[PDB]
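Heads up, the chain below is alone and in the form deposited in one PDB entry; it's given as structure tokens.
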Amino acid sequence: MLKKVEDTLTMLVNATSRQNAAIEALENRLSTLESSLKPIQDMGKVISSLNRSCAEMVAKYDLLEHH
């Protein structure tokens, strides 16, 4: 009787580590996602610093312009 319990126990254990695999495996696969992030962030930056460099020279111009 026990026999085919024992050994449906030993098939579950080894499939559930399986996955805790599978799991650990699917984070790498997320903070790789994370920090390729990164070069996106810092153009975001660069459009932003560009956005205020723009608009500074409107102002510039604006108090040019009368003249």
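Residue numbers count along the first chain shown, from 1. Here, rigid core means the biggest group of C-alpha atoms that superpose within 1.5 Å across both forms. First, how it differs from the form deposited in another entry.
- In a core superposition between these two forms, the Cα of 55 is the only one among 15, 55, 9, 21 shifting by 2 Å or more.
- In this overlay on the rigid core, residue 42 has a C-alpha that sits 2 Å or more away from its partner position between these two forms.
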Given for the second form:
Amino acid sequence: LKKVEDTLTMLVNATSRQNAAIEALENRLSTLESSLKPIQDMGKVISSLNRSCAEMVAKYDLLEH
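The form deposited in another entry is what I need now, so please give it after the form deposited in one PDB entry.
Below you will find a single chain and nothing else.
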């Protein structure tokens, strides 16, 4: 009785320690995801720079060769 009550309350404590540790891993993933949010729409910037550079190549080739 005494040894098992002592064990059960350890388990409740151990489980809640695990819980906090899981929730803390969740927050680390949130932080990581929100930091990647500004980068998500920057494929179009890269695309526009590729167009510019491609247009300059085309303009060069036209006006000279």
